[PDB]
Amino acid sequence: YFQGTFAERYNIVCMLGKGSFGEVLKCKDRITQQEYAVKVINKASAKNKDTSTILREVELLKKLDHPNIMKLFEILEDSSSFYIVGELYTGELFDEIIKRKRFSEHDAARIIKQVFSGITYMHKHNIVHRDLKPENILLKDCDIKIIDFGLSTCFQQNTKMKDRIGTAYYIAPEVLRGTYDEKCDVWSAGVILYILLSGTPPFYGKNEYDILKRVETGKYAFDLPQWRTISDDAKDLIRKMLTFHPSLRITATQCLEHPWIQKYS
């Protein structure tokens, strides 16, 4: 059966559902018996032909630790695929957006502050998410955790129509032009924040193309009636986060410390 280091150490309990990188499985450790959420990633999805480089990125991620960052425990190999062993957790912030439609400034602030705390910590360690979306933020009582943080530089994601439209709402203009740094995570969080409050994308459209054209221009509005009774401070934050030029865009620490976040903390 020539099984890998994974099958000897773990055996799958059940399928958790399709993820952005492949199948997501619920696994038990064969010795300790603790349960983990394991992402099976086809080796062809590797972005770097030198596997050791990828094992090094992941190693750096394993050493990291923050309350709002999903823990990555280890990486294992088959002949065919990688296995990312991470935290088991139970729904997405996306599902909560559907349910509540909109969030009060107070409830939104508590949620996004935790998002900022996580981003800040990862950015201190030069790690950029690049694919921040409500689908990548998990919640139940109050606690948020950002998943797959840093994995997108190692592995290529699914890019079906459904994947591409979702990516399109949150992507920073520079990322389209072909470059990214930490500031693209602040843009993406800004779009999320805009959605938390209005229940509406800042950059909208009936298809992938139309959305991306509006992102490209960087033009958006606080014109919807829904914005009429939202605070100047909240609008200020979003303005600084959706600043066109990344160099002129506010940092993650500056988000964490904006007067709007402090008012509801």
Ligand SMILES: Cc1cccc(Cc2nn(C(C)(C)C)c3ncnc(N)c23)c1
The other form holds:
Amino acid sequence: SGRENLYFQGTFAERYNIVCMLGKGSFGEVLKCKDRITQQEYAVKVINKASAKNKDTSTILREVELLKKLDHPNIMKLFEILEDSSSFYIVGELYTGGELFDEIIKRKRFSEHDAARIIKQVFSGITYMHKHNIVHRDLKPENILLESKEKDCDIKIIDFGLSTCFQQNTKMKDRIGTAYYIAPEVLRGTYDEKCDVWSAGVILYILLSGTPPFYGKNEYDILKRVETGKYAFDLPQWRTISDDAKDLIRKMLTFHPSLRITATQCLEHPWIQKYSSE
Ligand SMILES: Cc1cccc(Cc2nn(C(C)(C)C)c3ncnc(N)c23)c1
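Can you return the structure of this protein in the form deposited with the ligand bound rather than the form solved without the ligand?
To see the whole picture, the full complex is given below, headed by that same chain.
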């Protein structure tokens, strides 16, 4: 506050009013804001500039400008990236349905029909972004948002492409929770687009069984399992799950990424086709 500081807060404070805090997201705090002129509401992520991975701010702006030009119904739309001396402000579509993990906590397990509806949308988004050589790396249920509270609303993947630009919060809200979804080759420091197929496979495993494939009491124990890549469908929870579902998951959780299916192949898989409309 104060005239000088408000002036130096730059174009974001001029253009937008903060209505309320919405919660801590990866990389930064998310707030609901309003465009002062139009009164339309948006979500804004406020990211400390100390959290930039790239020391050249112009590269961050370029990256985000490329992401603004993209358009797919299962990818969050971005409208603006603004700055002041301390922070980046990324403004985009506001959602009100909460995240996919909230929905996992609520429902516990999803029928094959319901899981296929959700995961097909994830696959569609991933396929689209991969066609533009964008990798998520951090795909997890917390980065899959429900557009609204309406029944069967569209899901929206958030933060897709921002991991090249920003490092995680110093204080993260659920660090152990991130280990479940990370691809083994990402842990090794050598990733390409296939890591998003792995993460989506972990999500699908959880939707169907209610349990993670790589588990443990702490981050270390979970990551030790991920690193070996060994998992099973031995739980009674898998007893009556279709062979087709298990086949898709096996292909997605293939250890070597060169041998792992593509996102496009996931969409074509018989299990997804069984539940698609026409
Ligand atoms: C890059 C960016 C900017 C603003 C918001 C997000 C994701 C997001 N995150 N969150 C949380 C759920 C508050 C973390 C949102 N709530 C409502 N609408 C949203 N779009 C979000 C991502």
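Positions refer to the first chain, counted from 1. Here, rigid core means the biggest group of C-alpha atoms that superpose within 1.5 Å across both forms.
No residue of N126, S80, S104, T159 other than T159 has its CA displaced by 2 Å or more between the two forms when the core is superposed.
Aligning the rigid core leaves the CA of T32 displaced by 1.6 Å between the two forms. Look at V215: with the core superposed, its C-alpha moves 0.3 Å between the two forms.
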